[PDB]
Amino acid sequence: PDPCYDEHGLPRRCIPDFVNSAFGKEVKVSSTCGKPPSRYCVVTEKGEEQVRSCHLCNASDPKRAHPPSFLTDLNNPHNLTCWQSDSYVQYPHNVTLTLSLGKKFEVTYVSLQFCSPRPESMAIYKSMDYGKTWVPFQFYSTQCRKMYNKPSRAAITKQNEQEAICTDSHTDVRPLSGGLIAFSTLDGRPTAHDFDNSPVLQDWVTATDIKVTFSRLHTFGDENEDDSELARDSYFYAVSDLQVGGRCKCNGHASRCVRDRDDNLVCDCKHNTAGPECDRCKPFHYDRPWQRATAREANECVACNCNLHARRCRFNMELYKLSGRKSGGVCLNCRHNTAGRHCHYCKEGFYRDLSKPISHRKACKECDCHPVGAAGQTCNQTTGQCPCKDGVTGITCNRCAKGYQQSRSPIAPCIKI
Amino acid sequence: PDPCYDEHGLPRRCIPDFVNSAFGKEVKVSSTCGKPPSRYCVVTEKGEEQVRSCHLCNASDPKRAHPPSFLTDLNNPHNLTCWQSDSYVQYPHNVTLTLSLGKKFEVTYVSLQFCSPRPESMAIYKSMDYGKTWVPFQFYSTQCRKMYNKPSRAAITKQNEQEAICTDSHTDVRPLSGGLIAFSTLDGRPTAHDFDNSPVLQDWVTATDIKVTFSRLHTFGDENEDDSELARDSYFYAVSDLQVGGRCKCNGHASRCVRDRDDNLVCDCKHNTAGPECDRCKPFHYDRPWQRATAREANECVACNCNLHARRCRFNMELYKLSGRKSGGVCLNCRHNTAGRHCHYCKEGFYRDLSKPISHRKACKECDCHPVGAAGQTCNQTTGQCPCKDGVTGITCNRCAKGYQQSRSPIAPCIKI
Amino acid sequence: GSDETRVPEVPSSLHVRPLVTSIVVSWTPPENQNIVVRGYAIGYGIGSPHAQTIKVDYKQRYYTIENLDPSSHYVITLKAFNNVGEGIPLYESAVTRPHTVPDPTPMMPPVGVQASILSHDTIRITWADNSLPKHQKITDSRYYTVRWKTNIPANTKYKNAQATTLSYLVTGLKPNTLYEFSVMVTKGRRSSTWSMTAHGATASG
Amino acid sequence: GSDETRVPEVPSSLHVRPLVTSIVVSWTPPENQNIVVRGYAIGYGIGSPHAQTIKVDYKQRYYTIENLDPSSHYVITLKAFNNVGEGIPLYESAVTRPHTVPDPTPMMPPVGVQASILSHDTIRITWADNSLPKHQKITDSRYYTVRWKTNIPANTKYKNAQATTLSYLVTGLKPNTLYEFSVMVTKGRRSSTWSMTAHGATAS
Ligand SMILES: *[C@@H]1O[C@H](CO)[C@@H](O)[C@H](O)[C@H]1NC(C)=O
Ligand SMILES: *[C@@H]1O[C@H](CO)[C@@H](O)[C@H](O)[C@H]1NC(C)=O
Ligand SMILES: *[C@@H]1O[C@H](CO)[C@@H](O)[C@H](O)[C@H]1NC(C)=O
Ligand SMILES: *[C@@H]1O[C@H](CO)[C@@H](O)[C@H](O)[C@H]1NC(C)=O
Ligand SMILES: *[C@@H]1O[C@H](CO)[C@@H](O)[C@H](O)[C@H]1NC(C)=O
Ligand SMILES: *[C@@H]1O[C@H](CO)[C@@H](O)[C@H](O)[C@H]1NC(C)=O
Ligand SMILES: [Ca+2]
Ligand SMILES: [Ca+2]
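Sequence order for the protein chains is A, B, C and D.
Quick note, PDB author numbering runs 39 ahead of the 1-based positions in the first sequence.
Quick note, PDB author numbering runs 39 ahead of the 1-based positions in the second sequence.
Quick note, PDB author numbering runs 762 ahead of the 1-based positions in the third sequence.
Quick note, PDB author numbering runs 762 ahead of the 1-based positions in the fourth sequence.
Hints in this document: simulated from the structure, not taken from any laboratory.
Do not take every clue at face value.
So the derived list for chain D, only partly shown, Cβ under 8 Å to chain A, looks like this [as the list claims (entries may be wrong)]:
id	residue
1	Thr867
2	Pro871
3	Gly874
4	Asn892
5	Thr955
6	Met958
7	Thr959
8	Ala960
Ideal Cβ positions, reconstructed from N, Cα and C, are used throughout, including at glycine.
Assemble the whole structure, with the sequences as input and the hints as a guide.
In structure tokens, the structure reads:
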């Protein structure tokens, strides 16, 4: 049951389940009501009539409390749990929800379901590293130029696919409650259909962190003053549910993510790949450059070919180019006295034992060159013939040639009878 | 820290830790005292004076109780825990302890530490399949011929190395307590030093189950005139500790044993091997026959070479012998239109596309032989030249040869002016 | 057993099969059967499943979402529910795609293509069709596509025109140049490959 | 903390280095330090560690078992103990083995080996040593080993003899058979490879 491989036995692009990555997670918030106990008011409509009712937020009474576990908790339409900000946070104040995924995600959407009216202006930023730096994702506002300094709804082009846009969509009250904002990461982007083959778009959807910031409140309702406060305590942010939908980013080389030894989240790497995102080749499979799966080719890494004289190799782009873009692997630290690109021949001073297959611990046999009779210790790889001295013969140069006999000199071991 | 592989990076013989395989385990016994509360007497020596004191086994007084747990529990010389048999179970009767390891073990020794006088006759049987069949391991008796119908201590030869022997050793009625019987499996066996390369001895030492049977009691003490029962209740079997020392058997290919998903125990095979005992090659890795690690060669299994057009293979002994005992692997159901032993050439009806390397999906390109102009769809692999008809030429047979022109017949498409 | 004290758990499996304008969603009930499930709620949408929610009873193991935009990416969420509320969802996403119609068996290409050279300007080529009665007149709707290119060099972009008859006149051409001709037949949804190539050269005038 | 209510746990690591007639046992204390350890008990034996037990204090990370037999398989058990008793053992087994001495730097083989054929029965061969003064007489204790074999067929297992002088008489041979001779020098623990081969064939 491995989806990363065929009916048999070849590999194929596999992707982790579509999930809500914000579910178990804890969200850090800039504002929350109940400390100290505070008043908040909700305005409702019947025909054209406003009815303003006021309640108390008691950060410590688990019934009138609104902690930010109520962003990521179970969403039940019946008993609804909402995080809620301080009563009056207004422009130029803003409230920030910030959520860390823990792994690189390819994010299909970000969605907030509000228990208050939606914001007039709201910004969404992401982080493709782990919270060290932030870049904008989406902007929502009535007046985009004057607020976020970005143009209003704009044509995204094949030049800039990565431009965060700003739309007046979902900036509308109403609903006064249960309002929904859904940001699709691939919405309005030209190359979306080709996403599989579009790297810029694969990048755009990648985030380790999501941070939403509510910039401005809709002013809604009639100030009736014995105290202005009643209308003031009624403008705040509340959201019942936060969802960042998407898939764990494995680059198509893994069907699931699992908890590491450190309880880190990582891909369960297949297709001979390594790395947390399966972004690199497994240690011995360097024979060709790493590549993400295209749903046509799985682009698995393939092991170096060493003759079982080495388990280390490195890739060479030139040797790859010359191979007809087949095999660029070269081998390191060839043992068993072998040497070569693939450890396919013998080191100086050795020769091939053809009694033994090319992959054998003893495949390379040392040529014993006679100390007195030979002119050097380096012999011929194929034959094993040593560089015999003058008048000397033999494979090892251990005997005198025909018409010769041994002298008492080491320099000239053989002379003629 | 993988012991199965070199300083880098090649493999080597690796062996699981030496352990007492009987420790956590529960051993089944035929006899235990407490069922009714029963009497037992111990005889002690001071000088030439004997002193017999009696106690009560009562298997529900965790104090006065002697459960078989006490065989495999922690051995502490201070607080001693002993299983104890029924009072006077004597020849022709015998008491049997039987212990199941759960894994194939290479057992270096089996040792019993008694709280009673040792047996005059005792037998050790093993099981190499799981509780299904039993074969003798060792025999201990004063008279071996009359008891076990085996000769007394006997010379083993390089023939009968698997023969269980019988010695009169460790049959001595003293010590009256703390007596010890240690059966070494490799003791006295000729090829023991060469155990690494001796398969019969590797077999001999292999057991999944151990069963000891105490055949006959030493009768020791002075018969008492009041009640004979006192001399009867003083004769029993008692054991402080049961040990089967040895290493989990992984045939030299694993450095540890671990429990799989079904919670049974198995080897953590490495070396491209598979099986409980790493007795077989991992799928797609049988290019050469399996072999246990010799501490010289690790004898790892080698993957079949298919051009990434299939992962299935089977071994061919003949093709191995012809290879010079190198590679006997052949590939099954070559996909991507290739075919061959290694999937190194093209199926009938295709030809080699040399813009693409042999491992490319498109390495084999179909030769489209013209329906009208060609005499068949099977072309030459090298050229891609289709089997042209009588008056036609071309690579695909898509035109008439010179001095010819098209006819209106599909059967003889080209004729002469 | 049956327990309504709490919301049902998450479903055991969810699976989605995308079609042209529709999507078939199939699933299996939550593992613990002690928790009562009254029904299943299926949310769906483009880019996110907040667009529309459809409820079915506890007996349904599949549903076909209809009236969906073509070549679109749908996110689908599947929950089980009882009188307490809705449970933890499963997500799956699928993309609607045009159905791929299996290719029809190919027709046999025209035969007997011949080039008759009138002038430097034009060459007339004719052929035959064995899919036609020997009188060679057309009834069912056929059309022949005729392509020609310059033989020198080994490549030139083909020019092609059509014919409702078994003859055609190639008009704009280069004087004194060898030309490669060929023709295919197409009838209804079935077509044929290109015929054997016939060569001819203009009058050099 | 320090706790004597119970027996100490099992030691953290055990390792054995076998040597020719002794065995070096090294270890590390049990993980939890709350359980007080008075010492360590080392059982050892052939085939099973019931032969002898040796106790050492809590300060020892190693001990050398001595007076062991010399090509033998020893099983070793390591426990830690306090006044309660002994804890759960670790096991390890090792084999005493002969030390591996090699190798002394090789000498230069004899030169000028010559074969003189005396009879059908015997052949007398002579040689020279360049590690000797030109008078070629022996002082330090050297000996030359001389090997011979039949050249036909390609192999025959060699016959060899030793000599304290620079000549030797090979007797007991087949008449009219070609023989291959060679000589090596050995001095003390140092040795040389075999010299260049000299051939000669016995008389009618
Ligand atoms: C909030 O809860 C704590 C305990 O519920 C209580 O002391 C406090 O009165 C509550 N809020 C108000 C009204 O102060
Ligand atoms: C239901 O909602 C109330 C208030 O909204 C909250 O106190 C309680 O924890 C919630 N419980 C569940 C199961 O949602
Ligand atoms: C948040 O408010 C601060 C000051 O109140 C302002 O400097 C900043 O630009 C605001 N950020 C957003 C995203 O509105
Ligand atoms: C045996 O021991 C148990 C536990 O004390 C006790 O219940 C039972 O009555 C005893 N009977 C004896 C000692 O005969
Ligand atoms: C002490 O010994 C008694 C009887 O021998 C036994 O029941 C008990 O379990 C022992 N205690 C420990 C801690 O082993
Ligand atoms: C055990 O006893 C039974 C009868 O009591 C006898 O048949 C059998 O041979 C005995 N086995 C051994 C191993 O002594
Ligand atoms: Ca909620
Ligand atoms: Ca015990």
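Here's how the hints hold up against the structure:
This hint is violated: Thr867/D has a C-beta 12 Å from the nearest C-beta of chain A, more than the 8 Å allowed. Taking 8 Å as the C-beta cut-off, the interface hint given for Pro871/D holds, the closest approach to chain A being about 6 Å. Hint status for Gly874/D relative to chain A: holds, with the closest Cβ pair at about 4 Å, below 8 Å. For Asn892/D, the shortest C-beta to C-beta distance to chain A is roughly 6 Å, which falls under 8 Å, so the interface hint holds.
The interface hint given for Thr955/D is met, as the beta carbon of that residue sits about 7 Å from the closest beta carbon of chain A, less than 8 Å. Annotation: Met958/D was flagged as interfacial toward chain A, and the flag holds, the nearest CB pair being 5 Å apart, inside 8 Å. The interface hint given for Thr959/D holds, since its Cβ lies 5 Å from the closest Cβ of chain A, which is under the 8 Å cut-off. Interface hint at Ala960/D: satisfied, since its Cβ lies 6 Å from the closest Cβ of chain A, which is below the 8 Å cut-off.
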